[PDB]
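Listed below are the residues making up each chain.
There are 2 protein chains.
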Amino acid sequence: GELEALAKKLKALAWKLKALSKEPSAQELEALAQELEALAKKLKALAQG
Amino acid sequence: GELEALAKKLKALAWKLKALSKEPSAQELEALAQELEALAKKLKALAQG
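Just so you know, the sequences run in chain order A and A'. A prime marks a further copy of an entry chain. All the letters of the first sequence, read from the start, carry residue numbers 1 to 49 under the deposited numbering. All the letters of the second sequence, read from the start, carry residue numbers 1 to 49 under the deposited numbering.
None of these hints come from the bench; they were simulated from the model. Errors might be hidden in some of the hints.
Said to hold, decoys possible - The calculated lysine-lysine pairs, modelled on BS3-like cross-linking and capped at a C-alpha distance of 30 angstroms, are:
1. A':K11 / A:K11
2. A':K16 / A:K11
3. A:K8 / A':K42
4. A':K42 / A:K16
5. A:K44 / A':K44
6. A:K41 / A':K42
7. A':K44 / A:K42
8. A':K42 / A:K22
9. A':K16 / A:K22
10. A':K44 / A:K18
11. A':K16 / A:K44
12. A:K42 / A':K16
13. A':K22 / A:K18
14. A:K44 / A':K8
15. A:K41 / A':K11
16. A:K11 / A':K22
17. A:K41 / A':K44
18. A':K42 / A:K9
19. A:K42 / A':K22
20. A:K8 / A':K22
21. A:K16 / A':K44
22. A':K22 / A':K9
23. A:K22 / A':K18
24. A:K22 / A':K22
25. A:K11 / A':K9
26. A':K41 / A:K41
27. A:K18 / A:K44
Claimed, not checked - Selected chain A positions facing chain A' (Cβ under 8 angstroms, derived; list incomplete):
28. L3
29. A7
30. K11
31. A14
32. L20
33. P24
34. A40
35. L46
The C-beta atom is built at its ideal place from N, Cα and C for all residues, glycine as well.
Using the sequences and the hints given, assemble the complete structure.
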């Protein structure tokens, strides 16, 4: 369900980070970092719900 | 480098979440949520560094 969709976004983000590791800079990294934090907040809400 | 190692942990976490979506419960989910937050904090530090 919604967790299946979130696992997809997390697999997409791991791929962003694999690419980022060959083309790094602060902006993109702190960008992906905040993407993970948003997904973690959604997961937390599903845990509470 | 260290970013290559982190991309590996993120691909591992996406796999945890894919499995979790068929066997969910609050503990494990809030567990994985805090795992993402720790990885995001490491990424942020690399961005700053």
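Here is how each hint holds up against the structure:
no. : hint           : in the structure
1   : A':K11 / A:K11 : 6 angstroms, holds
2   : A':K16 / A:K11 : 10 angstroms, holds
3   : A:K8 / A':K42  : 22 angstroms, holds
4   : A':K42 / A:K16 : 16 angstroms, holds
5   : A:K44 / A':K44 : 20 angstroms, holds
6   : A:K41 / A':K42 : 17 angstroms, holds
7   : A':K44 / A:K42 : 20 angstroms, holds
8   : A':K42 / A:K22 : 17 angstroms, holds
9   : A':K16 / A:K22 : 25 angstroms, holds
10  : A':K44 / A:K18 : 16 angstroms, holds
11  : A':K16 / A:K44 : 15 angstroms, holds
12  : A:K42 / A':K16 : 16 angstroms, holds
13  : A':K22 / A:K18 : 26 angstroms, holds
14  : A:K44 / A':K8  : 22 angstroms, holds
15  : A:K41 / A':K11 : 18 angstroms, holds
16  : A:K11 / A':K22 : 16 angstroms, holds
17  : A:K41 / A':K44 : 17 angstroms, holds
18  : A':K42 / A:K9  : 19 angstroms, holds
19  : A:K42 / A':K22 : 17 angstroms, holds
20  : A:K8 / A':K22  : 14 angstroms, holds
21  : A:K16 / A':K44 : 15 angstroms, holds
22  : A':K22 / A':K9 : 21 angstroms, holds
23  : A:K22 / A':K18 : 26 angstroms, holds
24  : A:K22 / A':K22 : 33 angstroms, violated
25  : A:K11 / A':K9  : 11 angstroms, holds
26  : A':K41 / A:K41 : 14 angstroms, holds
27  : A:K18 / A:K44  : 25 angstroms, holds
28  : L3             : 4 angstroms, holds
29  : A7             : 4 angstroms, holds
30  : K11            : 4 angstroms, holds
31  : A14            : 4 angstroms, holds
32  : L20            : 7 angstroms, holds
33  : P24            : 6 angstroms, holds
34  : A40            : 4 angstroms, holds
35  : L46            : 6 angstroms, holds
The structure fails to meet hint 24 from the earlier list, while all remaining hints are met.
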